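As structure tokens, one chain now follows by itself in the form deposited without ligand GSH.
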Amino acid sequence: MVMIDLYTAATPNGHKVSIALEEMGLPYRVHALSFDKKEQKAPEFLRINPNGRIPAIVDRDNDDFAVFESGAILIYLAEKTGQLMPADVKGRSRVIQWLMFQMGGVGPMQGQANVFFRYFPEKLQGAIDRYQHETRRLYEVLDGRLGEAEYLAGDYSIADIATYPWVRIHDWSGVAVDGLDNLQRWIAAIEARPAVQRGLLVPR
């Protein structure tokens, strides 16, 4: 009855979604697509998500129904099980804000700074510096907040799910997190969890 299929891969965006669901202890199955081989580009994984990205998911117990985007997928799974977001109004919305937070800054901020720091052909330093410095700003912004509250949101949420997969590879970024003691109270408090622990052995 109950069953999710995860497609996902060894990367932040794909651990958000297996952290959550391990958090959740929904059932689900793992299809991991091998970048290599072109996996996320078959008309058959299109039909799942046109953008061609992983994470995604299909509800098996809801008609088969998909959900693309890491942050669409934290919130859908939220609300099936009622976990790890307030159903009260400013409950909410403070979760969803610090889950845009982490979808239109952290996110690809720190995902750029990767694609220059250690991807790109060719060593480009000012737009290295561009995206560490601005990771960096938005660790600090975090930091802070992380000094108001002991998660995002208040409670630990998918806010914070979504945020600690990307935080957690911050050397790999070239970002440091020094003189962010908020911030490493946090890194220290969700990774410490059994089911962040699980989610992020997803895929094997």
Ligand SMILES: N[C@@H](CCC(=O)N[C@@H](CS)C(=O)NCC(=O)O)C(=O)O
Given for the second form:
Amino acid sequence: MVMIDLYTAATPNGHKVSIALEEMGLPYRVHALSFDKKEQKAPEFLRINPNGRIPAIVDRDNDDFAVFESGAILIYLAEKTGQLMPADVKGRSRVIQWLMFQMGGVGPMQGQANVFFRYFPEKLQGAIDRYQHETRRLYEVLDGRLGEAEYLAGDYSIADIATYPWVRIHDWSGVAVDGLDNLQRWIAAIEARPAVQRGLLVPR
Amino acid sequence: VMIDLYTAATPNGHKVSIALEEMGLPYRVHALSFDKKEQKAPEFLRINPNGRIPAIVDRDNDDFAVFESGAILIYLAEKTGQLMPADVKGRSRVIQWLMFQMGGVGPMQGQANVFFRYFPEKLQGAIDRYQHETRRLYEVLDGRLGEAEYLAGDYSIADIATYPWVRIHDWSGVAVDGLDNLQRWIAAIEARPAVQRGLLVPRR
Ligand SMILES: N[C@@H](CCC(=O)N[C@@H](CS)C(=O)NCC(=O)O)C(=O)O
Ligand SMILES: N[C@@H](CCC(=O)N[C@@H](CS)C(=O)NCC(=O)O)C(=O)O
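Cool, the form deposited without ligand GSH is there; where's the form solved in complex with ligand GSH?
Okay, now the whole complex, with that chain kicking things off.
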């Protein structure tokens, strides 16, 4: 009955969802897409995510309902299981606020830092600085919030799960966390979770 | 009024003023002047630690603050029962297309604006990257809009999030030509009285 099909790859956005699945204890199976062979752009996959990116899930127990966008998947799974997002109005909204901060801010900006720092054909220092500086500013917003609360929305939630896999690779992006003591505490706490350790290994 | 709206005349601010106008919620406008750096003032950072607009304070809910346009939209829809279905699949479709906007259209078209209009040096590579990526996202929107009248089926907060960005495509240097479904959707939304009102907030 219960089964999530997960279409993913070893990237921060993929790890968001595998971490969530491991935390929640939901049965799932992994379809690891090869970017090398453009499998994320194949017609059969566009039927599931028209954007042709990972992650996406198909919920086999819900008439093979497709969900794309890591943040939407996290919300779907949290509502499905009642875990990792409070049911009350304020608690729920706080989670969604920090989740949106990740989806609109941390992920896209740090991703562009990766692009210009590591992947772009030509070296453009102006673009590199823009994104590394913007990522660092966002990290400072997180650090400030984590001075008032143990996790972003209070208790650990899908907002922390969305954000951690990006912060985790800050060195790859060329962004330092020096001086960010609250963020560092949070990094240490999350990386110690067994579900997080298991989720980071998917796909293998 | 029940809602205090902190905003400025940008696509992200227009998402929320459009939403409030569609829903018939009374609100008070606080137009922040970036010229005087009002969005970096400590009193505003208490509401949105990221120091950006839009943000709201819901007077009807113990002065609860909500930041991030996408989170504000979900909050308002849940408060009013408007512009997002109650059922599992219907709700999720809205959230998926909302996340597509928040993580994709907004950030990518915003970077196109930066390199095309605002960056201290002309970097044709960067301009091309974000204009091409924006066009690619528009084509995905166009495809979906062949399957349904609006992004999630019925008109919803997912359309309200996406329209203020598509509306300014020319500023970003990106064409909608050849995208007949997207063009149908642009025309249908621009014809809505509440959209016309929301786009005028705040006044000069
Ligand atoms: N906002 C989306 C972004 C997903 C995304 O950027 N996925 C990347 C890998 S981390 C991808 O599939 N890239 C392959 C491609 O664009 O061809 C989400 O969070 O799910
Ligand atoms: N993802 C955020 C983006 C907010 C955002 O970037 N707002 C801009 C105006 S559209 C802003 O406040 N910029 C002023 C600044 O960056 O200082 C949201 O949708 O609320």
